[PDB]
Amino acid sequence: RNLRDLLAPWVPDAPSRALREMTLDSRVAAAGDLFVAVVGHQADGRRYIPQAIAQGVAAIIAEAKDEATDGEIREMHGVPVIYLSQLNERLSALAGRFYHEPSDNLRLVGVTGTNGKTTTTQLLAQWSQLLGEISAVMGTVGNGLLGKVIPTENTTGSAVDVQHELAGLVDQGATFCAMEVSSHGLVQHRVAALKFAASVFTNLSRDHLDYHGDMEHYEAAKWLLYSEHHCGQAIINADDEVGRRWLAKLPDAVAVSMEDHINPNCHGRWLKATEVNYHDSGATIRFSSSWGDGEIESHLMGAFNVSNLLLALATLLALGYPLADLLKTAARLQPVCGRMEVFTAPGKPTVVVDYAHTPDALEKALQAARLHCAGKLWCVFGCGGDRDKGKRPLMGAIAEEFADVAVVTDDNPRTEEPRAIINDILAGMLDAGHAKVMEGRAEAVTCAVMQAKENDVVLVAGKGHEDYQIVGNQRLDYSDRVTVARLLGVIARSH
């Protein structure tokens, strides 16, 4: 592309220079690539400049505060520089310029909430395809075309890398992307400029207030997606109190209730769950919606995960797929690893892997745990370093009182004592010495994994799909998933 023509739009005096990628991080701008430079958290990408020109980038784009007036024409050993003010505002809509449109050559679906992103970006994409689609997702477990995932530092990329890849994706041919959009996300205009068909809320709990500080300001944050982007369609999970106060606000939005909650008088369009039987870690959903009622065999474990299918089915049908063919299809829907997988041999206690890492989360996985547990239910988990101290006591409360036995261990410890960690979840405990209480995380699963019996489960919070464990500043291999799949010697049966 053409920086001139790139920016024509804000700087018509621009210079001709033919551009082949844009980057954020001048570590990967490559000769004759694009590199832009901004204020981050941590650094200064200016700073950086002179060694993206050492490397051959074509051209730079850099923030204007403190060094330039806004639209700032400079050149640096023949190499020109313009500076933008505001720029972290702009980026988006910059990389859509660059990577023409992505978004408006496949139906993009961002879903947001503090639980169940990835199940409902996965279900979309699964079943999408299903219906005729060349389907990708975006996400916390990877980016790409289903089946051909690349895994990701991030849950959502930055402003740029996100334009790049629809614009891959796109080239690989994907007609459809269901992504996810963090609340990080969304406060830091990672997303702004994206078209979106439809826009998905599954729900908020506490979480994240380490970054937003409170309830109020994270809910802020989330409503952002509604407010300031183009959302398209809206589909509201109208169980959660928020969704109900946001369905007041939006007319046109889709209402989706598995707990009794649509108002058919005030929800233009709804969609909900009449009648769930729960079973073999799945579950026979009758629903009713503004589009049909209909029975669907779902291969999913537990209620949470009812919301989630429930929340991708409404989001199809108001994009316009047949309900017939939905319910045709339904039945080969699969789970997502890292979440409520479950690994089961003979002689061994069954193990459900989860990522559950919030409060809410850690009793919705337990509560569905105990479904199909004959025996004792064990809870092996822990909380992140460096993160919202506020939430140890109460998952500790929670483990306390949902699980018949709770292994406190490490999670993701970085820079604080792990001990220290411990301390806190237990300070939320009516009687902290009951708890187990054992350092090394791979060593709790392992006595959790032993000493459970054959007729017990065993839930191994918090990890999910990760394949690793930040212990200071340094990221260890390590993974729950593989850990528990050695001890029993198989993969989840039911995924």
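Numbering follows the first chain given and starts at 1. Each form is matched to the other, and the largest set of C-alpha atoms that superpose within 1.5 Å is called the rigid core. First, how it differs from the form deposited in another entry.
Rigid-core fit between these two forms: of 103, 126, 257, 409, the one residue whose Cα shifts 2 angstroms or more is 409.
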The other form holds:
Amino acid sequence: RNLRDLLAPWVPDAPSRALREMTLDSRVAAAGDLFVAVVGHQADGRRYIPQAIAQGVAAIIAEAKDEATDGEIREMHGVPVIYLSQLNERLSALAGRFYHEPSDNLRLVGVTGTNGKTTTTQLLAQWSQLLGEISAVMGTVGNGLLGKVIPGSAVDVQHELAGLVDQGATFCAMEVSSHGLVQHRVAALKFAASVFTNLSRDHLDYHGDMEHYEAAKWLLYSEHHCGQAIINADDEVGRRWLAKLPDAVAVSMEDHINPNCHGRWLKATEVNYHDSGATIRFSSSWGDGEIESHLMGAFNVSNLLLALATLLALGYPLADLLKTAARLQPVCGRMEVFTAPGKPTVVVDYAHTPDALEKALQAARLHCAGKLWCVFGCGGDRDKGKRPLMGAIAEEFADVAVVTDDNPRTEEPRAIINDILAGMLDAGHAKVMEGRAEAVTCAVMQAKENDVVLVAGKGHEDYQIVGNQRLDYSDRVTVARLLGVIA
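Could I have the structure of this protein in the form deposited in another entry, to go alongside the form deposited in one PDB entry above?
So it's only the chain below, everything else dropped.
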């Protein structure tokens, strides 16, 4: 790594300097490093130039605004200071070059939108790896090779992706946050494909506002290497964009494919939501088939179809995708289904808010021939407002509400339960059982073979905080033990 080579595309005849790491933070800027001084929302990195020089950085790249012209080479205490205009916009490209263009050395798929980003990202990584890739994820959960995700500037993005390349990753599914995109944090990444789970957003009822939102985004996307566009046609904005993008792949499970366009497409023709997942019949420009998904609810059908369409667009054979689809797993504690022969279906989900609980019950309902049970509580020593709302939701969208404990902490467990029950029309119809394990056992042991029991609130979070103790407890383990299966 050399300053001269680093800057060659932009600043010819830049000094020759060996560079260790690239950093925006003058605090950690050690000897031999390249310090990058950026002008930010409320901070100006150029302030910390003398400090960085004092810690022995090899060279500095600094925002040119007001202080210099673009590509201006200066020299302070023997250290090169190269000024570049619009450094924020160029930082991704700069870092990309520094870290040997990691997105050109694996298949990078970017997923954007509000809902289903995490799941779709995870399914992309899972499915690609089942097809022979060494897959990785980058996003809100964390970064890492599949099953070793460790819990973010344009430099960090490039740096982490290079780290994954070094660990042998050949495929990376990246969640792209709306904010990350706008702030040019993925500006120079070569995306093999970009998946749009949706492009809708609240607060856009004024026609001028929707117009500006779309223009802003369209402009942004025009400036990125998006690769193959895979768009959810069940989204209103998605459809309008698909109408303008003849090379984009349209995906639908609600009959929004327009075949007159002769574009590439994938649609679910029918779905059977059964006790252990969904059987998805689909047609596509690549051929038709049938997938046995072990994921629950309509949203996860959409998410799966988006991943399928993406991988098909990237040229993975339909037959191989079909042969591996049954091995796709739910994201841990996200509508994770547990079945056993002749037992009720039990779903463990992390849902701990009124909206999450409602969605999880609506999803569970689809797979439920009999009665839908909901076992849940609310956290103690936290905001109490959601309690009656979650009570009301459990009453409305389930057949049997089993109200129990969930991390009561120092608060009186029964008081929390009372707040939950307060929101119900017929609290008397609810079952109350304290001891969460006992409540789960009650639902599971009493529920019929064709019932579904949703156990909500914890998902993967395997502890019960009672008083000051994080006592060892797991919904997944409790459920697995009751059903005679392995969590």
